[PDB]
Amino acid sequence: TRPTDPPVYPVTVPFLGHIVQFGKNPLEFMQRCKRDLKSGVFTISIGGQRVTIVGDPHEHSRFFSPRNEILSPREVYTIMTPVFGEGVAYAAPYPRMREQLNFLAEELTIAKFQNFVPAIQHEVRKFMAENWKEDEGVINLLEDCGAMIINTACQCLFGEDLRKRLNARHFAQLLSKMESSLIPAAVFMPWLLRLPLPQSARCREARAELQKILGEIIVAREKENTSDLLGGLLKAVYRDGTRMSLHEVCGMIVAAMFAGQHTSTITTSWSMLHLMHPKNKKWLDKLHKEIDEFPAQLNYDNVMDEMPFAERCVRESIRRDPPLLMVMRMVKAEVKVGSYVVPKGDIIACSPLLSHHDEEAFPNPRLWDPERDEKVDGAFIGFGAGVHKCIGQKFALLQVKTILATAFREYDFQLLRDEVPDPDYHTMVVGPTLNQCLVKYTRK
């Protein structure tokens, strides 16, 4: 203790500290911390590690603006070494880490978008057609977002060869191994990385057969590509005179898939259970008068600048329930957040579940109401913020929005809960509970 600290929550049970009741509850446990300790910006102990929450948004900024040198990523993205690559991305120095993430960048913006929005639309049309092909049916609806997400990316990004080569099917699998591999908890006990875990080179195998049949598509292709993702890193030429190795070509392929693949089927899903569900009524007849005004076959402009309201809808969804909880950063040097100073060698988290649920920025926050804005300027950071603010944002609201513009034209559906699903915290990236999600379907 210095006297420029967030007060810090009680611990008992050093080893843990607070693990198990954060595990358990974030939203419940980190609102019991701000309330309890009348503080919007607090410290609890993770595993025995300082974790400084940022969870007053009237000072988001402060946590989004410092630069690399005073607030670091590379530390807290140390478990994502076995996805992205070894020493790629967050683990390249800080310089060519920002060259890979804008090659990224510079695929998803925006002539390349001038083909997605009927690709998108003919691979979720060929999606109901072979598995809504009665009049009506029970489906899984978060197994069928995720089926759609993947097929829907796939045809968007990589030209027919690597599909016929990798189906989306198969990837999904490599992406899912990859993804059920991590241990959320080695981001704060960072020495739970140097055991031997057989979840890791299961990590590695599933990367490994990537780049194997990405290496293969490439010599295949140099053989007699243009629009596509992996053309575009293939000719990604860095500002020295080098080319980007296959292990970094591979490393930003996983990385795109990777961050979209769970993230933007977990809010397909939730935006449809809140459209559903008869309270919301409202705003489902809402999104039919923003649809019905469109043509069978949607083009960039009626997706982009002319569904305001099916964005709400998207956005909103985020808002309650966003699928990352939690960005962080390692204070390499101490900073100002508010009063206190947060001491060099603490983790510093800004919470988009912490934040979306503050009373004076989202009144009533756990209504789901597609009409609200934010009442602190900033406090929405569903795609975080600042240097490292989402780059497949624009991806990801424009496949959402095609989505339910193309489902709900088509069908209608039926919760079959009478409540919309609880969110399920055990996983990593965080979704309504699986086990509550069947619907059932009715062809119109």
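Residue numbers count along the first chain shown, from 1. Just so we're on the same page, rigid core means the largest C-alpha set that superposes within 1.5 Å between forms. First, how it differs from the form deposited in another entry.
- With the core fitted between the two forms, just one of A201, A296, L367, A129 shows a Cα displacement of at least 2 Å, namely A201.
- Relative to the superposed rigid core, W191 undergoes a CA displacement of at least 2 Å between the two forms.
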Contents of the next structure:
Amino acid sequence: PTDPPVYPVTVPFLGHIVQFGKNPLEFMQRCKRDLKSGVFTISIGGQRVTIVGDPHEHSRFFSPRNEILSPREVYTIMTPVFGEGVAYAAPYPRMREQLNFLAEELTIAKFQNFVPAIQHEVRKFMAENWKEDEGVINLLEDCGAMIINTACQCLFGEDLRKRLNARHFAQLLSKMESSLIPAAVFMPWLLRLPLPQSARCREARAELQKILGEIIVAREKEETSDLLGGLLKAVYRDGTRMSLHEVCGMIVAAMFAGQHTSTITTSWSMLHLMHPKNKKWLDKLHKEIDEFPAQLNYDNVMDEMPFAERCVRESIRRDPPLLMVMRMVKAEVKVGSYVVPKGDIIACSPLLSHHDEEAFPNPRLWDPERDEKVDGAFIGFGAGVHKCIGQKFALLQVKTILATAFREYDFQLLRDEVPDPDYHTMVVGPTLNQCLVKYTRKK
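Structure of the form deposited in another entry, please, following the form deposited in one PDB entry?
There are no partners or other molecules in what follows, just the one chain.
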């Protein structure tokens, strides 16, 4: 019957842009509390956004089919990045074919050699950059570098990596990313505003696709199982091969999706583990990794690091890098006693749901041993048909980096407290200038 309650608006043009922009964790909890409803509506620039902040109603967000709750419309800003006809921009069944092919390239079947590849690259990094017996580094920056270097080592064959190294790939991604206006998800008119300098997303994407095209021509001529090689075997149900434009787009989705999420997750994990109050947890991590061989394998990381995975999960739980998952409502959906109407953006919020007192009591405490107290309350990687396809790969990366770094080094935060989350970037992570850390090589 009933519309969800709307948080009062004092300035119509902006709606709640000020309070939601400045501090989304505070503002979302305050609406939930003061309006006395887990499901509620805010305005971003006049656009209604209805938030399903009751974890007992998570499935009313994650379960409806695409023609009812549609991701396409929220993600049209990505069209220049992934490409026209790619991913969200494809008809829904074709989108699903595409994402499923990419998912297959990121399953456990592909991981046999990943751990040595990740480990070797991480050691290379520490050997080049953490040389002395002790030194000061920015941990957020170094994790970033390690994430992209390790992902390329895993996913791209040597011929590719010779035309497109990690630094070159990073720069191309950065140009595609710096073009985006995150808020245009709600206010597409922002696209009309002038830029400080010309965007370079079209250029960067075309340069990538051109390089892949050349790699393929050269491979056709010599004769296979890197990410690219895999995607080139994909054949849709209609009998057509995934095109070079589509393959490029999937590869971009892969690298783009993991570069900040995984970096941030790595960084938070280390930041907690190195803080003095969490000595008991770092001691546990050492119990679990200390009998590992110098050359880790699949079994060590997949099967024998459950504590470290808990540490990683709890870091995403407390400070999820994606605060909101969103859909356009194409037809009304019932959620509890409310009805959410056509034209709303509906959202399920990992930031909010992960701070629900019932599901996660004392939510600002980092407790790797906690379990959700409401089934499905943890939505850091989403849920249902659209759940994260990179999650097993990302965990494999993060856990391998933790096992490798803390084996050879001790770390200490320069400041007194784990960093504040910086809510000012679309992928939210620890405040960059609060992330200075002193490493000390173990004797």
